[PDB]
Amino acid sequence: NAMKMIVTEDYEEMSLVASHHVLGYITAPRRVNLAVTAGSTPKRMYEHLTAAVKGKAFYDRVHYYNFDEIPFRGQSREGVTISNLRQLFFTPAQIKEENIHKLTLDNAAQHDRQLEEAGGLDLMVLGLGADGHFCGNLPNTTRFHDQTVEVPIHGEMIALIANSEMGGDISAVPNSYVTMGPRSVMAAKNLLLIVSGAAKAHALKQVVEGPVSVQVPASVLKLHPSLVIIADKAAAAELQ
Amino acid sequence: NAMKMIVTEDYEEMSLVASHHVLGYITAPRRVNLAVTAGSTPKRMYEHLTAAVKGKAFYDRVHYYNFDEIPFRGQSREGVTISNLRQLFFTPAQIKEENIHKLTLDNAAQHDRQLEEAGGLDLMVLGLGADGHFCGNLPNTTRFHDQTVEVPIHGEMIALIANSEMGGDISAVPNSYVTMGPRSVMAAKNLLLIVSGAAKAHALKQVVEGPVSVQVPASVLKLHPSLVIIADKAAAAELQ
Amino acid sequence: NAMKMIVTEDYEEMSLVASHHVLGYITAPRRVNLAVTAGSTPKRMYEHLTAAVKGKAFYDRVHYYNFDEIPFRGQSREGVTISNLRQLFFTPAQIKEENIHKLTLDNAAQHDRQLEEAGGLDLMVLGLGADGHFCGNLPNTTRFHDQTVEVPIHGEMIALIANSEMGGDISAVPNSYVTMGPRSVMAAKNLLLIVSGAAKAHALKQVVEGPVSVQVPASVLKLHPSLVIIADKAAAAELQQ
Amino acid sequence: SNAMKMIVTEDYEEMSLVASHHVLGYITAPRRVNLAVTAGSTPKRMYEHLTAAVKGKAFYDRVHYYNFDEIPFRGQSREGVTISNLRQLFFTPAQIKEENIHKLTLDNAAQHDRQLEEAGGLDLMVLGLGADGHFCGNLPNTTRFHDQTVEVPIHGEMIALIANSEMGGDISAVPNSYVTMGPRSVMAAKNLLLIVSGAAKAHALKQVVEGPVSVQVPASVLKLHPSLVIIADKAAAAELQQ
Ligand SMILES: [Cl-]
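Protein chains in written order, with the entry's author numbering: chain C, -1 to 238; chain E, -1 to 238; chain B, -1 to 239; chain A, -2 to 239.
Just chain C, with the same shape it has in the complex:
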């Protein structure tokens, strides 16, 4: 579809409409592979999806995948992304463990091959960073040809991760993280970009109307042939 831009009134409507788009894949009768984002943007969306699938056994051919992961330094516990996805949705929605596929540093080199063998991703539900990052593809360090790759954590990135994605302390920041690169993301059959808040308005303008550039990684997503963007009024404020 020519990129479809959906502008909702607020976070609540953005969240509801996004849940309806994802339900179109959840209700498909054959197997569907969905890569889903963590973070605060999808919290309400996941509350709607929880109410739609909790206690229902007939969505057993829906397989869920994390698209990035940050392990806890010196700890054997599950990483931050799958942990947040369980808290936001897999646990309360009662998703079967055999339908949850975890990406880690250990299986990253086989992740792209496993997805193609499973029929490829039907949908990726992603968020947009204030700086235009998507998944773990950050400004300037992003390479568009990258598939699933390991990214070293150095310098200022230590405090940024400790304070934000981890929301704990310096000691738990590992040496590196894994992310599906832009090529792996673009390989999905369909993309659903959810955007909320004034802090994302500039990044959204650069994605919709700006040039394709590694400085604003998500700018490459406008090249996808099947992209739907669901933004609230605050996030769409800079669009013309």
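Take the hints with a grain of salt, since some may be wrong.
Chain E is faced by these chain C residues, among others (derived, beta-carbon under 8 Å) [to be verified]:
id, residue
1, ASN(-1)
2, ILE4
3, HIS18
4, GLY22
5, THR25
Read the hints as simulated data drawn from the structure, not as lab findings. Even for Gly, the Cβ is constructed at its ideal location relative to N, Cα and C.
Given the structure of chain C, go ahead and fit chains E, B and A with the ligand onto it with the hints provided.
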């Protein structure tokens, strides 16, 4: 068999799950053609669809179609089916008139050709009668090769239609009605059969496990390659 | 698609056009499941498909399936259908054995479940009998709700099968055969019906313009939402021009 | 969608035959399909096979064909080089109806992207790969990946590049500008089929399959498409890692 049988706890769950299946088509980014049923079975489903699309301008490529129609004798007003669909959904959901395609006795002969030119039906949401009828395809009088056809109203049919559709008023029963025949229904890319209540349990068993026969018209729907049935426990009680 | 009727000049054109339709599935980049017919109608079509895929390793996600099978009575060899499919296409086209899925009396009870697990049939290429049969769904004995089933061979059926399949040898006609029933056939995502010759003109008219009836089994195929018929002029002669 | 599929054929003849079979998968689709098709010497044999498959057949009447670039002849009012070559290579001998031929020109370029979306979008684009990695009229360094259908001024070295790749080395008829579907418009197609033949394209093909995404080698961005099939002959695939 591809046929997917979904058994919900009750009418409320049946209605919610059915709305999520229809939202998969409503949220598709390109044009979709949906034929939708009237009657009491879909009332709650339409309440959910109303809340999902009311006041939203981004589902403007969704086109809706009635699959049968009974005009009011001697009156030029719209028939009973489109009138019930407006009350149950098009009016409260604020569906644009340009996205509502009415089937009448006058345009029936051109209906099948107009649908194929519009790309064919993407989905038909139909109900199941206690006698196994679907659309206006009634027991014994149904012909499986029929496309969109006019059906004369005679004998006992007059009182049945007057009481079930026109509040027992026999003077408003017309000479005939129009219905998409079994071949026209089967030409849809996907079928969604919604069934609720103990009164439908026997018909549902005949459809899922019985032989293909004109005596139980809906029995032919099990031959469709893309059928999803959403029934509540009461309607699924005779299934093994 | 509203049933699409393609009328070609003769058997050669019918065969070429049919090969192009099947190549649309063979060239799909992901896995496709194709159920393919034996008999004389598809012989030339298979010669075109052989030339298109022989010695090519990039169509390795195409899986082929027989839709019926008649074993040789008292013999342990492969049945007549898979044997004819190997001679007409799998052998000369060099199709890998891992991409050939055999239906037999022994695995019939699991056939429908195995197809759905593999993603269902993408296409079924079938022929039309002079009596309107398709697969092993013969007149009057056909039941439209049937999935993959075993069919007993009795009375006149014995000589008909011996002469049309086992070179008139009645000792090789078994007690029964297996066929994908009308419901299993209709479950395919797409149907391609190939028809050639004056002997099929009456059956084709009954299918395209006649009522749905067990007397002419293929008459039910006009209810499928994705059917393409490729007939030559001789087979289309009774259709209303 | 499919992880990019790389098909390596023995020679130009096999490349041409296999490419015709892939396109026939769209031509035989029962509903309307929109195909954008390339001119040039690479698809000549492919078009001969497609001509034999559709000539004298009235049942492929819902197949609509589109040119993805156009270079008018300077000071001449005749049709441009792309639609002219497509007619000579295929539309004329294949007897394609004029109502199924949709021409892109400088005059209707501003409405081209909107007309395609209204028609349901492109189902397939059959494109060639230049020795320098160009695709359509998206040439090295001057290409912008966010571009949709745009007019491109012709200046300096671009005169010989356009004359040799589009107008058979004739520099005298090179106009002031040309029109091309930009990388964003190309990437909007539902499926891409990249055909590549000859030793002169081996380096560009390696940069596309194994190199980074760069405007220096425009076709390098096509590896981001979720539904790409590449059909190359041995000579063109010679630099790919065995
Ligand atoms: Cl966030």
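Hint by hint, here is what the structure shows:
{"no.": "1", "hint": "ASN(-1)", "verdict": "3 Å, holds"}
{"no.": "2", "hint": "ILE4", "verdict": "5 Å, holds"}
{"no.": "3", "hint": "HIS18", "verdict": "4 Å, holds"}
{"no.": "4", "hint": "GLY22", "verdict": "3 Å, holds"}
{"no.": "5", "hint": "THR25", "verdict": "5 Å, holds"}
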